[PDB]
Amino acid sequence: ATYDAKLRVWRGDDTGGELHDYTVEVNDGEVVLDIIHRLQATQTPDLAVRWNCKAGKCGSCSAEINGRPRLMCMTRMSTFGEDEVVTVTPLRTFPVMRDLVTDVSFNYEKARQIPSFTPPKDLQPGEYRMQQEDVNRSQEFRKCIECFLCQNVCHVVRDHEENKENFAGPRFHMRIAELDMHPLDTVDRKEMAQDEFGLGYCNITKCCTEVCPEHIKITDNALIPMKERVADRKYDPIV
Amino acid sequence: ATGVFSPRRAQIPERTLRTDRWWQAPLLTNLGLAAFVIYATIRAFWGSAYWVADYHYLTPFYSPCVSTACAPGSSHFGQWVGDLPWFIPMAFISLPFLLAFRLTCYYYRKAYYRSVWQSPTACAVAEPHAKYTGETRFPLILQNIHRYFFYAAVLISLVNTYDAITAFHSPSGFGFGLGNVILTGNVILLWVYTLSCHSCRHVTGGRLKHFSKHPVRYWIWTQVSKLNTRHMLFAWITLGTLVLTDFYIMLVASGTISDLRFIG
Amino acid sequence: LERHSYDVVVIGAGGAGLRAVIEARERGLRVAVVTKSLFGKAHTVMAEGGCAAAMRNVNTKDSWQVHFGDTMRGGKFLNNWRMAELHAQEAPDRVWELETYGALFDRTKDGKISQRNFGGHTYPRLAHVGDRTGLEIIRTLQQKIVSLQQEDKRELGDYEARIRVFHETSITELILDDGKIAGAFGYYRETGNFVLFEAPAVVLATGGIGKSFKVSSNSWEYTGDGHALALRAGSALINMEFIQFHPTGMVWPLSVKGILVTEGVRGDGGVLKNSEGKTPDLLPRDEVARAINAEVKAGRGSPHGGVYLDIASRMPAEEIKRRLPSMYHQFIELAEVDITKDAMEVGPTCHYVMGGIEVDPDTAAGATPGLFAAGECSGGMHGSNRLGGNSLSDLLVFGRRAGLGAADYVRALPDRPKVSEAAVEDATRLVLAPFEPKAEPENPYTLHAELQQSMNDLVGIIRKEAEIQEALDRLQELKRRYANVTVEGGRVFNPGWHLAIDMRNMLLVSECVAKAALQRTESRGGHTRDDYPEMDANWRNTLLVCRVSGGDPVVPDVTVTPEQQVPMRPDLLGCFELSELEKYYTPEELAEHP
Ligand SMILES: Cc1cc2nc3c(=O)[nH]c(=O)nc-3n(C[C@H](O)[C@H](O)[C@H](O)COP(=O)(O)OP(=O)(O)OC[C@H]3O[C@@H](n4cnc5c(N)ncnc54)[C@H](O)[C@@H]3O)c2cc1C
Ligand SMILES: CCCCCCCCCCCCCCCCCC(=O)O[C@@H](COC(=O)CCCCCCCCCCCCCCC)COP(=O)(O)OCCN
Ligand code: SF4
Ligand code: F3S
Ligand code: FES
Ligand code: FES
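Protein chains in written order, with the authors' numbering: chain B, 2 to 240; chain C, 10 to 273; chain A, 4 to 281, 316 to 631.
Hints are supplied without guarantee of correctness; some may be wrong.
DEER-style ranges, computed between Cβ atoms [claimed, not checked]:
no., chain 1, residue 1, chain 2, residue 2, range
1, B, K165, C, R216, 28 to 36 Å
2, C, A109, B, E163, 26 to 34 Å
3, B, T80, A, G31, 47 to 55 Å
4, B, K165, A, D608, 56 to 64 Å
5, B, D22, A, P474, 23 to 31 Å
6, C, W126, B, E163, 15 to 23 Å
7, A, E370, C, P137, 49 to 57 Å
8, A, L467, C, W126, 56 to 64 Å
9, B, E163, A, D445, 46 to 54 Å
10, B, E163, C, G249, 36 to 44 Å
11, C, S263, B, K165, 55 to 63 Å
12, A, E356, C, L269, 49 to 57 Å
13, A, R157, C, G249, 51 to 59 Å
14, A, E356, C, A161, 50 to 58 Å
I should point out that these hints are in silico values taken from the structure, not numbers from a laboratory. Just so it is clear, CB atoms sit at the ideal spot from N, CA and C, and this is done for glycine as well.
All chains, please: the whole structure from these sequences, using the hints.
Written out as structure tokens, the structure is:
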């Protein structure tokens, strides 16, 4: 069933743009990126996409497929009826560069603010001993293809621009969590997770866990534990 | 404008581009919470039909009965405070603490932040609020005391368990008979919901760095995490069981028969 | 254009590129990192194997000698023996220092790193974490870079005092002084503006060439740059005819087109091998591909250009879901194809190129210049075939070697070379040529599709001399039609422009591959001839090198036949027995036997 789809792609730059209507043959069993590549090859050669690989192990092909932040290389195009319109727009949290490519730089300058892994300053490289149950908690957060869909959907930064300076986002609080749960790390980071990176701005309305392609339990496994660990230090009257 | 209409973001003049029925979950949450709160606040203040003096049933909405205005036999821990002035519920000891425990719950917080406060109604729908401070200012910084209402909930669950255990008495000795089944199921599900708490998961073993150094707390943390993966289910399940238990007991206290297996 | 003066430029942030950046920074130098894509989204994230390292965590009879023997056996004794020795005896330390950067592998019952079994390896070697090992490696290296520049911020006073990352920047030419590297010209993908890095040393570490083939499991960036960059700058390529294929990997559903199908599924119901599956399973995969192409060229070739490999009239519904769990989940969630109900559409995908820039073993590449290479873009290791896991520890080992060699070359440099303007002018002119009217125009995508079709059809798994020069003759007309390519639009992130720029690298690496595969008249590992089925001639001490005689944008190549260095000093072990060496070597040992 190779029907003709009805698309609506946001075309424009930082000066303004529109949703334009296109018509593309959709063969059976192919993702949105295939339709976008067909569109580039036959109709609009200069359409910005920013893909790298086609398996979902990257984070390059993030967009908003029908109002939902998704990877373009994983959205099956069978989710949608043959008679309904598919509306592809860039991520609506970050500044737009061109048609479907946004400027993901906020979450690269947020990366070099979180203290990094520090081991004990006597241990040698061949002498690290960790048990599997100790590394299990952090190995889940290390599955993070940096899609930044979590950073896109968070209403703290998505709906309020003045909170970009105060909130680091779900991705960079999961980073703090997995550095805190590392069995060999040394720095605390519990005070700064609340005072510097504004962990308190997250209400627990998950909304992030709902968009992670890797199915990381961001809120239940990283954000609520860190909130409890900060309550231990600041809000526990047992002293 | 404010958040997705800012001058530097993509120019879509739409609150959301979602085409699904994204407003259904907040509506259902609102209706469920409203129905439960209305029922609970009417029943707790009715002041009657809470005690079967024969088979010794007591409603969870009247769990510790510490007044001398209670039905003779109802007080299991003693009668301490006189009679109350008609606007203090007969279970003023436990109902404030249960309400606080469910209010400062990491799941219920998500539910009503989405539904009532209109912090994101759905996942990617434009928020109607202009300024946002999260749980950082005064009234919402107090949600971090959930771990003490968790201890209160443990104690209240122990009281409920004692009541359900002594509810096994027919007039002629031991007894059974479907009031016991409902009370016991309600207590067991209350225990499950209490042990599914994120504060329980943190206090038992979630705060440790080395699990290999703690074999018992690792086991407890594993089991509590398996339970906690479904904390959302047990909240609603326990609301429903509370309603059903109170309803059945009220019907039996006022009038219907109790379906017993041991004589009266 | 904007100009940046540095000490080293690393064109690529993968495994090799990032390890080289780390090592060059701690040797003490100012390093620029140029990436075609975002930071940390290289092709390494797709690797799902492990790092072959003789750490002796599982069983202690392992060694670097048995690892060296395994690497030489798997490459059919065509490997660069020095690079293989070096990788064998240095791979444990690289993996051990990865976990001091924050990496978390899978652990044993003792706390050491857990190691898997693989085909070519005699002992359990592959250090892994689940099935995401390249992701762990690239995350570790990226976060270690960020740690280093946090230290720079704390002590020197700026985040980018030593290391600066120019992600989403494409390099198009290498500026030369008098034969020595003097810079690197490129453009920003976002703005289309021109950048000139003025550095005396360059570490390529770019990657593969997999986008020249129709069916392939390679990223968008694998357009063959790095190879073409070094080639048309000053250097030579070796072993370009050794490309690793896999006779399976779904071809039709474009959602799953480069996704390799292992042999485990073929350890059951299969395609066809004259019996038992219509078992003649497991017969050498070169013969599997011979049968596939014999049934495709003259037979019931399916509309997608492949074969079925049906498993439905087999273990009915439940045994598949558990015997092949991840494949099943991936297919059902991606292509909406349930393997318990449907037949696949598999064909000869392209995976890895085992040739590349002819590097020096100890320090990295280059004849005249200060050019260095590491990773997949280099050649000499993985002689004719590669082992699983070697490609991922090779990255660490020789990225560190390249960083150290670049550091020493910069430190021992009397006067720095300086770029000329009469070469930045030519670079700008070539990169802006596709923005002209160009009567009787072409299209980047049409030319790319034609190149992919021709390469996949005629220079595929099993080659023939009569049809490997047909491709050589049609590449001439394709490069003649490239002279009229036109791009529509401006320079602000115009992927048609980017494709028109990368076509001139694809057209060079394709000519290299075809001209080498025509001249190597013997079958060995990744290069299967047909009129020369006699495996393993004395085309062993011969490298079949490639260099650019002379021209302009798409330059004509020439292929020469140089010898290799006298094989091994005492690296003729006893693990290497005569009964095994005499199957590969000329009767030239005269020393080996005790
Ligand atoms: C699907 C797949 C699975 C694999 N699985 C395994 C496995 O299990 N085990 C194993 O050992 N090996 C595996 N490999 C091979 C292995 O990943 C390679 O050896 C390794 O990934 C090569 O990486 P690299 O360091 O050479 O550079 P890459 O990581 O490939 O990236 C090169 C970098 O250079 C940049 N670049 C390229 N061109 C330019 C330019 N013109 N200007 C500027 N920058 C540029 C790119 O943006 C990219 O960041 C696999 C390969 C693939 C494709
Ligand atoms: C089954 C039981 C489950 C419970 C179900 C019940 C349903 C509850 C529904 C009602 C709760 C909904 C709350 C949703 C958020 C609304 C609260 C809120 O946001 O506070 C606002 C209203 O607060 C005020 O401004 C006024 C507060 C002053 C009142 C003075 C006395 C109140 C102090 C209470 C003391 C606490 C008592 C301790 C009990 C635990 C202020 O906004 P903000 O601080 O969050 O800023 C963010 C964006 N600007
Ligand atoms: S967390 Fe899940 S969603 Fe947020 S970035 Fe990492 S992967 Fe994408
Ligand atoms: S979306 Fe934002 S608000 Fe909290 S749970 Fe996820 S972070
Ligand atoms: S392209 Fe790599 S994730 Fe979609
Ligand atoms: S009760 Fe739900 S988190 Fe404590």
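Now for the hints, and whether the structure bears them out:
One distance hint, 28 to 36 Å for the beta-carbon pair B/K165 and C/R216, holds here, with the actual separation near 31 Å. At roughly 33 Å, the beta-carbon separation of C/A109 and B/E163 lies within the given 26 to 34 Å, and the hint holds. Taking 47 to 55 Å as the suggested C-beta distance range, the pair B/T80 and A/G31 conforms, at roughly 53 Å. Taken as a hint, the range 56 to 64 Å holds for the pair B/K165 and A/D608, whose Cβ atoms sit roughly 59 Å apart.
Taken as a hint, the range 23 to 31 Å holds for the pair B/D22 and A/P474, whose Cβ atoms sit roughly 30 Å apart. Between C/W126 and B/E163 the beta carbons are some 19 Å apart, a value that agrees with the proposed interval 15 to 23 Å. Separation of A/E370 from C/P137 is about 35 Å and departs from the stated range, judged on CB atoms against 49 to 57 Å. Remark: the range hint 56 to 64 Å for A/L467 to C/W126 is upheld by a beta-carbon distance near 59 Å.
At roughly 50 Å, the beta carbons of B/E163 and A/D445 sit within the given window of 46 to 54 Å. A C-beta distance of roughly 42 Å is found between B/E163 and C/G249, which places it inside the suggested range of 36 to 44 Å. Against the hinted window of 55 to 63 Å, the Cβ-Cβ separation of C/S263 and B/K165 comes to about 60 Å, which satisfies the hint. Roughly 52 Å separates the CB atoms of A/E356 and C/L269, a value that falls within the hinted 49 to 57 Å.
In this structure the supplied range 51 to 59 Å holds for A/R157 paired with C/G249, their Cβ-Cβ distance being about 56 Å. The hinted range of 50 to 58 Å is satisfied by A/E356 and C/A161, whose Cβ atoms lie roughly 52 Å apart.
The earlier numbered hint that this structure contradicts is number 7, and it is the only one.
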